[PDB]
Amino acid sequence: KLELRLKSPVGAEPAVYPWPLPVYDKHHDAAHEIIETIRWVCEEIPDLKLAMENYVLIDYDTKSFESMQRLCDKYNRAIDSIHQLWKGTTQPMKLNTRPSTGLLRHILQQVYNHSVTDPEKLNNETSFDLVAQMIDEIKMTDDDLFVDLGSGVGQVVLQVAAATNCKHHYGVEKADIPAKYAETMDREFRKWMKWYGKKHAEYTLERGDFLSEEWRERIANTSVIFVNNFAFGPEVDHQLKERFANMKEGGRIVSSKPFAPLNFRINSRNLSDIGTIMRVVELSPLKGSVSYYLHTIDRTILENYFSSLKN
C-alpha cells in the first residue's frame, strides 16, 4: 500500500490512488488526472494558486514516485494552510456554485475513467464539447424538464445536470451493461462533485425503454429532449413522432437526424404531418467536429394555416 493522496478543498474524504499509478487508455492515466485535479483546485481557489504558484506550473516526472509524492505533499500542505486561513477572518470559497465548463470536462473524464474500467465491454469522447455547444445554445430554466433518450452510461445527463437549472434531468437506457455502468457513474459523479465542493441540479438515471406505454406521457410532459437519433431506423423514428405530437407548446427536441423537414410548407395533402406543429432549424456544427437540429413545438403554425384558408 504505497499511495498518493489528495486532500479535498472542502474537507471531503481524500482521493487515494495506488502506486504505480493506473493507465486508463493510450491518452489518459492517473498521473495526469492527479496533476490536472491539482491545477483545477488552484483555479477554484486563488489563494491556493498563490500559495503554490512556484510549484503548480512545473512539469513533474510522472514516473518517479518521489516526484509525484512531492507534488501531492506540496498540494496537501497548501490545502491545510488554506483551511487555517479560512478559520481566521478571511471568508471561505462559495459552496453553491456550478462548475465551470473546463472543470466539468475534467470531472466527467475522471468520473468516466473511474467508473468504466473495461471499455471493451461497451463495444456492443468528443461528445462533451458538442453537448457544451448545445447547452449554450438551448437556454434552459428552473421550469424545464430534461431527458436524454437512450442515455448510455449517463454522461450527457450528468453534463446537463451540472450545467443547467432544470427542475429535473432524466436519462433512460434499456440495455443492462450501460445501465450497470450508469449506476457507478452516478456514484462517482456525486463523490467527485462533493470532493470539489460543486453544485448540480437534480437528475436520475433509470433502466427502461423510452418507447413503452409508461414513457408516452413522460415524453409529453418533457420540455427538453436530447436524442442522438443518427442510427435510428424509420420504425423508431415514426414511433417518436407519435410521442412528440403530444408535447406542450415551446417543448424542444435536439437531434442529429431531423424529425420534420426544414422546407416544410403546410398544405392539404400533408396537414397531419408532425411538421405542422414544430419549427425546425439546423444548428451550427463545431468547427472541429455533420448536422444537428432544433425542433420547437409551435402549434400556431397550424393556427395560421386554418386562419389563412378561412380568408
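In this text, the rigid core denotes the largest set of C-alpha atoms whose superposition between the two forms falls within 1.5 Å. Positions refer to the first chain, counted from 1. First, how it differs from the form deposited in another entry.
- Of the residues checked (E53, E43, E249, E242), the rigid-core alignment between these two forms shows a Cα shift of at least 2 Å for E53 alone.
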Contents of the next structure:
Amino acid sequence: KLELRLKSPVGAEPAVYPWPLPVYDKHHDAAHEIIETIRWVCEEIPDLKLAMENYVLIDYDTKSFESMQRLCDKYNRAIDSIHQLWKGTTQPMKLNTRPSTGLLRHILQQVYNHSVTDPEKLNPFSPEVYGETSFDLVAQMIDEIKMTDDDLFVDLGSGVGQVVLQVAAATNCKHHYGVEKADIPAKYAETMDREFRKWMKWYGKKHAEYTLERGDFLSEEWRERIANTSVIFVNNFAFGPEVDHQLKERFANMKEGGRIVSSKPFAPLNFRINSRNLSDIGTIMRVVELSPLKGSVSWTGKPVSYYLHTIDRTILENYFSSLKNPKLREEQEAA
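Write the structure block of the form deposited in another entry for the protein whose form deposited in one PDB entry appears above.
Since only the chain itself is given, any partners or molecules it might have are not part of what comes next.
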C-alpha cells in the first residue's frame, strides 16, 4: 500500500496521502492539494521557496506515483535542511502568528476537502465555491469591520462552519460562535472543527477561540446570547419574512455599537423616523451597503453585496428631542 507524505514545516505529524490519491470533489483532488500545500509552505518560508524549482511544480505528472513521490521527497529533503538551518544561528519561523489571507484560503479548502463528503446534501454562494466567493466577501468584511479582543462574534446559521473558522483565524475576538440547527451541516461541522485544528497546527498558525454548536438561534437561550454579542454575521438572503421578523426582535436587545452583517438588510438604507414607524428596527440602527465582490456574480446573475447594521440609539434620541421642540415638531409634521 503506497503513500505520499509531507513533513510539517513546524514538526507536527506529517500529512499522509494514500496512493492512488483521493478525489475530493469535481474540482479538487489530493494531487492538487499537495501541490498547493507545498506552494503555500514555500510562501511561509523564503528558503524553501529558494530551494524548489517553482515553475516546474505545474510540470509534474499527478497521475504518476514516481513523479509525485519525486515532488514530495524534494519538498521533504528541503524541509529537513530548513529544520537544520533553524538549529544554527538562523531564527526559526515565528510560531503562533495568524495565517495570511492566501494561506487561510488554502487551509479552509483543505479542511473542507477532508471533511465534506456529500456537497449535494447541502443547499448567494454554495460552500463548494467558498474559496473563490464568500471567502473574499468575508475577508473584505473582516478588513472593513475592525474587531478587537472586546468583541464576541456569532455566525447565525453557520452551516459547516467555514465563516466561523475564517473569522477565528483572522481576528482578535474574545470568542467566536457558530450555531447551526440542521444535523447534516452540524455533523460535518464537527469534522471541519477537528480538521481545522489539525491543519492549523500543521502549518504552525494560530487562531482565536471558537465553538461550533448545534442549536436553534431563535430559541430562548439564544435570545440572551444574541443580546450579548457585539458582531453578528447572518446570511439571511433567502430567509422568510417571519424568520427575519424574529431576528429583528432579537437584535433589538443588542448593545450600542453592536453590529450585524447580512446578505439582506433588516431595515431600509434611507429609513426616516416618524410616528407610524416608531417601533421599527430602523429607529435604532444605521444601515449601509458594503462594497461588492468585484468580478463575481451570484446564481441570481447579480453582484453580491452585503449590509452592515450598527446599533445606534441616538437616532431615536434625536427624534424624541425634536418632538419636544415646537419649531422642529411643526417642521417634522409636514407630510
